[PDB]
Amino acid sequence: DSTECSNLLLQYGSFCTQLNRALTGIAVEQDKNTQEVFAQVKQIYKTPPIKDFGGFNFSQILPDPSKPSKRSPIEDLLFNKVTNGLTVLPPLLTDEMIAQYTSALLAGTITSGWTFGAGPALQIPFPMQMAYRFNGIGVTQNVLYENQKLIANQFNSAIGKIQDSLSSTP
Amino acid sequence: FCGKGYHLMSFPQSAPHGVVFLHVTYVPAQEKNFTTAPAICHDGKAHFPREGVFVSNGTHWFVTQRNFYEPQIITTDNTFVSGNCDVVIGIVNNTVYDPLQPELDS
Amino acid sequence: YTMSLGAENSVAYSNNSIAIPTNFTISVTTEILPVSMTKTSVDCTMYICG
Ligand SMILES: *[C@@H]1O[C@H](CO)[C@@H](O[C@@H]2O[C@H](CO)[C@@H](O)[C@H](O)[C@H]2NC(C)=O)[C@H](O)[C@H]1NC(C)=O
Ligand SMILES: *[C@@H]1O[C@H](CO)[C@@H](O[C@@H]2O[C@H](CO)[C@@H](O)[C@H](O)[C@H]2NC(C)=O)[C@H](O)[C@H]1NC(C)=O
Ligand SMILES: *[C@@H]1O[C@H](CO)[C@@H](O[C@@H]2O[C@H](CO)[C@@H](O)[C@H](O)[C@H]2NC(C)=O)[C@H](O)[C@H]1NC(C)=O
Ligand SMILES: *[C@@H]1O[C@H](CO)[C@@H](O[C@@H]2O[C@H](CO)[C@@H](O)[C@H](O)[C@H]2NC(C)=O)[C@H](O)[C@H]1NC(C)=O
Ligand SMILES: *[C@@H]1O[C@H](CO)[C@@H](O[C@@H]2O[C@H](CO)[C@@H](O)[C@H](O)[C@H]2NC(C)=O)[C@H](O)[C@H]1NC(C)=O
Ligand SMILES: *[C@@H]1O[C@H](CO)[C@@H](O)[C@H](O)[C@H]1NC(C)=O
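Same order as they appear, the protein sequences are chains A, B and C. Under the authors' numbering, the letters of the first sequence match residues 745 to 827, 856 to 942, in that order. FYI, the authors' numbering numbers position 71 of the second sequence as 1112, with every residue one higher than the one before it. FYI, the authors' numbering numbers position 2 of the third sequence as 696, with every residue one higher than the one before it.
So here's chain A without its partners, still in its complex pose:
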């Protein structure tokens, strides 16, 4: 609040304008980064009420209806595990809207595979989608269909191990 200090500071020119402009550029760049990463779909996709995906369990990654934050158990664990003229500007996208974007992406990739990323979301059964992914890596569809229960069990076990590993590693 010193007037004499500000009068002497005016002798140095537009340094303050440069610093404010650089900080403003960084601040808008952070919002642009969040838009680029999370806002890649213009449709908010939702999962069907019946979670019949041929044995595949997505409860640890889909949003929990019981939680007010509408986050997944994994996302909730992730948020729990992260802890004089200065101002902190809030982010343009809040955490619930970012979670909503991730939920839309999860619903699109579960119910439609890769179709929603290239155009309209085309529904496909999840085992058939997994078979398509198997064909992408050079394994025949029959292998997926014959061992579907084993593949679903392995996927569920791996997702649980991911949650345990995140909860158990500082």
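Do not take every clue at face value.
What the hints assert, rightly or not - From the structure, some residues in chain B lie toward chain C, with a derived Cβ separation under 10 Å:
#: 1; residue: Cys1043
#: 2; residue: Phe1052
#: 3; residue: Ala1056
#: 4; residue: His1058
#: 5; residue: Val1060
#: 6; residue: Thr1066
#: 7; residue: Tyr1067
#: 8; residue: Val1068
#: 9; residue: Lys1073
#: 10; residue: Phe1075
#: 11; residue: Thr1076
#: 12; residue: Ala1078
#: 13; residue: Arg1107
What the hints assert, rightly or not - Derived Cβ-Cβ restraints for the label pairs, each shown as a range:
#: 14; chain 1: A; residue 1: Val781; chain 2: B; residue 2: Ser1051; range: 20 to 28 Å
#: 15; chain 1: B; residue 1: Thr1116; chain 2: A; residue 2: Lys811; range: 46 to 54 Å
#: 16; chain 1: A; residue 1: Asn777; chain 2: C; residue 2: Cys743; range: 37 to 45 Å
If you are wondering where the hints come from, they were derived from the structure by calculation, not from laboratory data. All C-beta atoms, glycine included, are put in the ideal place defined by N, C-alpha and C.
Got chain A; can you put chains B and C with the ligands on it based on the hints?
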């Protein structure tokens, strides 16, 4: 990476201090519902599409390419046999045509 | 107002139904990327002292 949709090709254009890429991409449109199955059960054998997907318009079963609707008759030439019908969950019963059958029939 | 993230779309998922495209659109999109800047050189002695 090269536009929204399935990328076909791209064109470069010079710009002042920059480049403009015209990305020509393929976007699917006018989608239609069909009833689908993982495999076709015929003669105690499970048939799976070589490159397409089994679809049904309500009464008849066909095999089509995944990114464009082009129904074709389910034959031995566009399907492959692996195992019986007891393992695959959701296998349906339909006939599988054989192109060689009229040749020895005549 | 509070922003709307996107138009709502519920995909009609079921265990035995698929959606197959019957047509296509050839879409051309623009992507602008900067390549270079203006090449500037400053005579340090002339700038500071003339
Ligand atoms: C999917 O996985 C979740 C989590 O493993 C299962 O939820 C469990 O259900 C059992 C039995 O109902 C409970 O004893 C556990 O406490 C539940 N776990 C959690 C984290 O809630 C769920 O049953 C699985 N299957 C489906 C169809 O959702
Ligand atoms: C599903 O497609 C098949 C093949 O186009 C349809 O079968 C044809 O139906 C027409 C209408 O009566 C007949 O004139 C053709 O001779 C049929 N073809 C064959 C090979 O049988 C079938 O009707 C379609 N089903 C529905 C519900 O539209
Ligand atoms: C598809 O065809 C198979 C084989 O014809 C059917 O399996 C038969 O089902 C009957 C009644 O359930 C049994 O008595 C036979 O012994 C079964 N045969 C075999 C080889 O398993 C099957 O039920 C048919 N499915 C549909 C939906 O029509
Ligand atoms: C495929 O079938 C589904 C279910 O019959 C259609 O989804 C319905 O679309 C209408 C019109 O928008 C909605 O009012 C219903 O609520 C939808 N139902 C469900 C369960 O989502 C879908 O539109 C059909 N697709 C095509 C291309 O005809
Ligand atoms: C596929 O979509 C194209 C549009 O790109 C359709 O072409 C149009 O057809 C209508 C009706 O015949 C004409 O009035 C338009 O002028 C056509 N547009 C162009 C750009 O040619 C085409 O008919 C559609 N095909 C199917 C099978 O639905
Ligand atoms: C789909 O689920 C129904 C029960 O709602 C079941 O009767 C049917 O066999 C299932 N089909 C497949 C292909 O899993």
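Hints versus structure:
The beta carbon of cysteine 1043/B comes within 8 Å of a beta carbon in chain C, closer than 10 Å, and the hint placing it at the interface holds. Given hint, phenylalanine 1052/B at the interface with chain C, holds; its Cβ is 8 Å from that chain's nearest Cβ, closer than 10 Å. Because the smallest distance between the Cβ of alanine 1056/B and any Cβ of chain C comes to about 7 Å, under 10 Å, the interface hint for this residue holds. For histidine 1058/B, the interface hint holds, since its Cβ comes within 10 Å of a Cβ in chain C; the closest pair sits about 5 Å apart.
At about 5 Å, the closest approach between the beta carbon of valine 1060/B and any beta carbon in chain C falls short of 10 Å, and the interface hint on this residue holds. Given the 10 Å rule on beta carbons, the hint for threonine 1066/B holds: about 5 Å separates it from the nearest Cβ of chain C. Satisfaction of the interface hint for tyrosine 1067/B is found here, the shortest Cβ-Cβ separation to chain C being roughly 6 Å, below the 10 Å cut-off. Because the closest C-beta pair between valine 1068/B and chain C is about 4 Å apart, less than 10 Å, the hint holds.
The interface hint given for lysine 1073/B is met, as the beta carbon of that residue sits about 5 Å from the closest beta carbon of chain C, less than 10 Å. Checking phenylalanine 1075/B against chain C: minimum C-beta separation of about 5 Å stays under 10 Å; hint holds. Hint status for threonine 1076/B: holds, given a least beta-carbon distance of 6 Å to chain C, under 10 Å. Checking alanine 1078/B against chain C by beta carbon gives a least distance of about 7 Å; that is within 10 Å, so the hint holds.
Interface hint status for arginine 1107/B: upheld, as the beta-carbon distance to the closest one in chain C is roughly 8 Å, under 10 Å. For the pair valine 781/A and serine 1051/B, the supplied restraint of 20 to 28 Å holds, since their beta-carbon distance comes to about 24 Å. Between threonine 1116/B and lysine 811/A, the C-beta spacing of about 52 Å keeps the proposed range 46 to 54 Å intact. Between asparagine 777/A and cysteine 743/C, the C-beta spacing of about 42 Å keeps the proposed range 37 to 45 Å intact.
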